[PDB]
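Just one chain follows, in the form solved without (4-methylphenyl) hydrogen sulfate (6EI), and it is written as structure tokens.
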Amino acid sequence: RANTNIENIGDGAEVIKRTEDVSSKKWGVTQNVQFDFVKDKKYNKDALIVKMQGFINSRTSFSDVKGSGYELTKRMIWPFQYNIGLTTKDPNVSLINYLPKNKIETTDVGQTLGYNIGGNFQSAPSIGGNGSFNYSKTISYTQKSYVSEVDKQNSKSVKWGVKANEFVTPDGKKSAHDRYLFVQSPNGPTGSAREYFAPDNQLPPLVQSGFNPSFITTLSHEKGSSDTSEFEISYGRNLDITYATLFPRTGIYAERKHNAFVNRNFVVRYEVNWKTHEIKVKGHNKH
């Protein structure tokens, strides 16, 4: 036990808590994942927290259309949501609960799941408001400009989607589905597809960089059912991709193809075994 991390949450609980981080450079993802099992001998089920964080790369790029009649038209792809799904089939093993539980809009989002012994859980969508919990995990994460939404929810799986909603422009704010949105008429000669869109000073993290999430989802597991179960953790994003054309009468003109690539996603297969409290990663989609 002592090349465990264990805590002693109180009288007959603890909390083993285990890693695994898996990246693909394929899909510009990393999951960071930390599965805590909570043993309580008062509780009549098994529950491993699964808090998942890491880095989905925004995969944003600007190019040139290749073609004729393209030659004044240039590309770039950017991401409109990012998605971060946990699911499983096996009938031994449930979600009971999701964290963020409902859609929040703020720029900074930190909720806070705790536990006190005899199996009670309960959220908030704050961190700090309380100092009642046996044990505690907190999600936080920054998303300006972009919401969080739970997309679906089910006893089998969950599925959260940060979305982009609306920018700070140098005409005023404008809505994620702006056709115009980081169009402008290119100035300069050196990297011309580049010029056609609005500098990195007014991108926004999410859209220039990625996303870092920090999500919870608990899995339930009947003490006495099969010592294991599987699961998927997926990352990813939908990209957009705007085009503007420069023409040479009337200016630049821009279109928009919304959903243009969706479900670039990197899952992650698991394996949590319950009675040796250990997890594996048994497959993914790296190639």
The other form holds:
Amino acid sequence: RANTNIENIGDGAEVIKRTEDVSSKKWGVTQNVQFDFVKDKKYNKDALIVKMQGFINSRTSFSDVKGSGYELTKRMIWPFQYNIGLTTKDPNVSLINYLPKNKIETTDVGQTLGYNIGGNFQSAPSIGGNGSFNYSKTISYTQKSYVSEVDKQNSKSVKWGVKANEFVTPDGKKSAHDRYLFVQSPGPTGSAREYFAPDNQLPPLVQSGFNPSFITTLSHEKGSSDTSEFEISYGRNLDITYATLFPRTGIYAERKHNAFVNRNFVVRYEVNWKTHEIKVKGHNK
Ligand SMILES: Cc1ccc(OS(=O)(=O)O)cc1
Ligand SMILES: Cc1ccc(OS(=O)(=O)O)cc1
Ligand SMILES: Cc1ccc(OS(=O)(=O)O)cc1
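Given the form solved without (4-methylphenyl) hydrogen sulfate (6EI), state the structure of the form solved in complex with (4-methylphenyl) hydrogen sulfate (6EI).
The next block holds the full complex; its first chain is the one shown before.
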């Protein structure tokens, strides 16, 4: 036990802390995942608190459009939604909590999952409210201009979507569905980049990417089989904005919504409930 990260959380209980870091340069994703085993002599089930952090590249790009008739048409690809999900198919595991649990629209998200000896979990949509738990884990992320929704939740899977909502533009607030979002008149230098809002008008989730912070707890009956597999998916859905310069009537824009869906990096992990170990089994790199 000397070379394992173990926290004593009270009489008869401890937490075994594991981590995995799995990246894909092709998908532009890093999964930095924490897997905390709750070991409690007064709780008849095993529990693994999984905290999903890392990075999902926005994959925003600006390009020329090839072909006759498209010489004054430029393309901006950008992420309408970030996808984060954890799924299992094993009968021996179920999801017993998830955070965030409800839709959250604030720029900052900060929530806590608390555990008390005897199998008691609680969640709160804030950080620093309680010093009452035997163990706690928190999530924290910023999602300026985007909102978080639970797109799917059930005993085997949880999926969150962090979706474009409303943006601050020089002309005022703009809906994420406004076909003229990010479009501007550049030509003088005629670069594809100049047909779209400069980097200082693009919020972090468009310019750079998203740093997820989500939790779900896996539950396993002691006495069922030693291992379970589960998949964690991080990715994005991209929209396209096309901007065409008509020298006599100005800039014209068209949006292709959900242009590239589920561009996701999916990693399959195995939890060994008996040895308190996590292994990477596969991925779609
Ligand atoms: C055209 C295009 C758009 C996005 C790309 O990155 S992906 O989302 O990681 O697949 C790659 C090519
Ligand atoms: C540079 C580039 C990027 C995306 C492309 O696919 S499209 O948007 O469906 O035309 C084609 C070329
Ligand atoms: C919103 C959302 C979240 C995760 C997704 O990937 S999956 O878990 O591999 O299906 C897809 C959509």
